[PDB]
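We begin with a single chain expressed as structure tokens, specifically the form deposited without the ligand.
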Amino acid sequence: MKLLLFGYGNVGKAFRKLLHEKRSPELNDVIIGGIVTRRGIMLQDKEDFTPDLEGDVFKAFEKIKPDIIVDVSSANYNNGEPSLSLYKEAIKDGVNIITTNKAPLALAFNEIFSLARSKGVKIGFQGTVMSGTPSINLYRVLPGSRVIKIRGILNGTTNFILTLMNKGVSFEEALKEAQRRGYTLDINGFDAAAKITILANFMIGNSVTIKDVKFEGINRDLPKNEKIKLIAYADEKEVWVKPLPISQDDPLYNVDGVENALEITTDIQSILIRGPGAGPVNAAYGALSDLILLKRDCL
């Protein structure tokens, strides 16, 4: 089974490493046939990217004819391209998709998944929400139950800053430190909004796009002497993201640092899952998990 890996920053490199650690006999037959970035097309599997050809993901797709596309490229929220048209072409050609790239899903969920459903093509997208902590994939093992609402912390950067602020640290100092660690556009709540959009689509069955979500982020001026979290919320009627003061009896109170959490409420039960929501290995692991599930015929 031949993969085309689209994107190769830290997540793409971590994925490649996971793949070479031979973690499941389900992946024995899996190779990376090509890697494409801004800088061109490498038609080999190497730790370091050196282009072999000039050209874009469409040229690479035609040349390689992969069985699976793994998209770990940067989210383009303006219009989702080129990943959006890439997924459509992959689906048309019977090529399964594994992705950590939120934009196409947050902009065009119903169109993409309807098209995939019709063609029997599979999409793994665990990596788009809460990295390697089952979220999408948790819902896969909650069959025959209707999700009524979801509430969570879905962004590592802002959780990390809000956690430090609660320890007496300044916004500015906290922001600095988040960046130093590998975490305007970073704190305005948008990332969480895209994530709740995807969850709302998948779990609630509410066909919404990032345009339907009321969100706002964090800043220097938030209330002092209160533990604040950036809460993402969706039910059958509304989808929003906003910073709220949280009380000690709230399950989300001690979800700190880059930890993320999702409270899923169904007809049968309310559950909560929590785990890291940032870190390239974690993101790469969400994609690896999808790849193994795909090989098991379980997406």
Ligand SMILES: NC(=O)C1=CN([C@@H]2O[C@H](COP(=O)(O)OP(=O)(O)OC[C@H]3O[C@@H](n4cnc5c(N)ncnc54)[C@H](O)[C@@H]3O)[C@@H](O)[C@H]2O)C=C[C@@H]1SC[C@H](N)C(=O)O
Second form
Number of protein chains: 2
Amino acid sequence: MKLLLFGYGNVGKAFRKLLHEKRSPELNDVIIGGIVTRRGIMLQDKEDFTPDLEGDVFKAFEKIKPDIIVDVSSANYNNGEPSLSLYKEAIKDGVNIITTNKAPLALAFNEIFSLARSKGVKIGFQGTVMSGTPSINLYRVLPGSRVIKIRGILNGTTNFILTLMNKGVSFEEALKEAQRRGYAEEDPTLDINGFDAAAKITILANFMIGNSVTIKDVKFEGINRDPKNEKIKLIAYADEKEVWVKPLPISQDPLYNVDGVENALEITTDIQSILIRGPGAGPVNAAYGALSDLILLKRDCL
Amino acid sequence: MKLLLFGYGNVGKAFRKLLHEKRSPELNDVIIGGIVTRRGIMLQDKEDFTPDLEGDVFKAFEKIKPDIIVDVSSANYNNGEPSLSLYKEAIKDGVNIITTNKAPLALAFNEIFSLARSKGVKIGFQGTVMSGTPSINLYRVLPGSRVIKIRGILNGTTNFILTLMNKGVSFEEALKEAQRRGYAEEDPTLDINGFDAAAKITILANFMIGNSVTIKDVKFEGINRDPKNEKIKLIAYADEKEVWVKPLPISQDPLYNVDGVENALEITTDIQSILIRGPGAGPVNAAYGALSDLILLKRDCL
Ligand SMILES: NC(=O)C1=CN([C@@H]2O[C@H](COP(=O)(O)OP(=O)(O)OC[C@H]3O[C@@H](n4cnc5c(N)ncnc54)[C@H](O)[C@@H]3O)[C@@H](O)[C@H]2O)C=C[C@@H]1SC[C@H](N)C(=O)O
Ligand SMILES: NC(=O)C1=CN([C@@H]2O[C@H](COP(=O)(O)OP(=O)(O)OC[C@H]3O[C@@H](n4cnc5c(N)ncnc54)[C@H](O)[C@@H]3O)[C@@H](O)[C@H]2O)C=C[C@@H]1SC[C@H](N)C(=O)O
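Shown: the form deposited without the ligand; wanted: the form solved in complex with the ligand:
Below is the entire complex, every chain and molecule, led by the chain shown above.
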């Protein structure tokens, strides 16, 4: 089983590390055929990236001819490219996809999944929501559950910022520490303006609720520079009717002690209501989400 | 695929109902070959139980010759019988097991699972811990996770009792309402003396941590008749060293607002710490745990 690793930022690097450390006994026939960044194409599995040739991800795809693409490249919410057209080509060629990049799915979920379904192609996408805390994969172990509504804190970066700000840390310093820890999107405004949280609730609305929705039609906003009296959280919500993201005051609520980089998800089904909580961001966490998807794919359980 | 339903109390009945209601599209070739209670053996799938013959579960097993046994019979913590010897016979004959009954696993986990592993037999046991709230199956979507420690509220009945008692309800009235709702073990003392919670932490220690442990060596105790000043919870805990159950005062703690029949589980791994919470007991909830295991077995994902 040959992987093409698309992206080698903090998640890509942590994924390669986790694969090597957790190789036995299920992942021995899984090889990284090649790694692609903006810098070019490495046709090796090495810790340090060195291009063997220049070329984009499509050249790398044609060269490596992989069984699976691991998409750990950065978000593009304008048109989802190049990931979007890459997913289309891969599915058409019967190549499986594991992604931590939310952009293609938040824009064209129903199209991507119907394309993959017709081809018998599998898509792992746990890393797109709450990183390594089962969300997508939590739903996989809730078969036959009819999801009525969902609510939660889905952005690690802004939650970490708000938490630090009440420990006497300035906005700019909080953001810089979030970036230092590698919590933030490459474009940190995607966290700040609520684009990232909006992408995640879109994905969840599509997958869990069955509401066919693009990020383009989701009403959302982010956090502020400003406080002190109440506890603010960025709340994402979806039911069969509405999908939104908005900062809100939270009463001394199940989402109240969800602090630092921690995220949480409340799922209401026909059967019951459940809540899961864990780290929402963190390169190792996100990479573990992708690794979980890989092991599950190996087990034929995606 | 032919099921033998062993037990037809509230869980058994809710399981049969859920199977019929969630039949499409994955479960159409799943039939209940027969149902066995203390009253005898019905060789039909009917809502109302009527014996077609007298005989125990072994007679029913020989008569039906099932692909899977669904064990929703009552707990026996003395020796785990008849379920224990039934599991042995079933595994030997290559028959899969789905159980909500904790007793055999809490007594002979390592033996049962090594027997099944050698035979390629699958065991679903989600319903044994936190009913329909992924616990066992949550771990299934955490592959490669090394579980360091676990802590939680694992008994629905006692948690419901404590909650009602602060709404001006007496112990006896709280217990009677727990029984009315069908939360309690057939022997309600199993809830009260902490046997049920102890069974669940034993199962989890075995499956998640890898600590080979029987309930016989777990130090445990239950709730009291007595309060008023603090919030008491029955806390179960396991790490690589110790396994225990004890009532404790809980500070205004992640397990603090876990009230009524709700249960919760804190899992600490090499990667991260996560918490899941949902109803811990409830016939429909437990039966859904078993149904989840059935769908996963159908998908070859147990
Ligand atoms: N960083 C994290 O912890 C998380 C990351 N995410 C996603 O994981 C993905 C990767 O993250 P990260 O490692 O930080 O990547 P980073 O953006 O730092 O680097 C992207 C990599 O892709 C390559 N690349 C980008 N565009 C390319 C193009 N057009 N052609 C060729 N190569 C290209 C770059 O060269 C680089 O190697 C992103 O899509 C994230 O959105 C997934 C789980 C989390 S959620 C984080 C969120 N900010 C929050 O606070 O909730
Ligand atoms: N009831 C619930 O909501 C839950 C049930 N559990 C387990 O599910 C199992 C069944 O529960 P329930 O429907 O209430 O069963 P119940 O005990 O009411 O009836 C048992 C059935 O098995 C049959 N049976 C028992 N022994 C037999 C024998 N030797 N030969 C032939 N037939 C026999 C009986 O005739 C009867 O039909 C039990 O093992 C429970 O421990 C699983 C999830 C929950 S956890 C509940 C726990 N008390 C708590 O508060 O946390």
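Residue numbers count along the first chain shown, from 1. Take the two forms, superpose them, and find the largest set of C-alpha atoms that agree within 1.5 Å; that set is the rigid core.
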query: Residue showing a 2 Å-or-more C-alpha displacement between these two forms once the rigid core is overlaid, selected from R146, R117, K92, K167; finding: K167
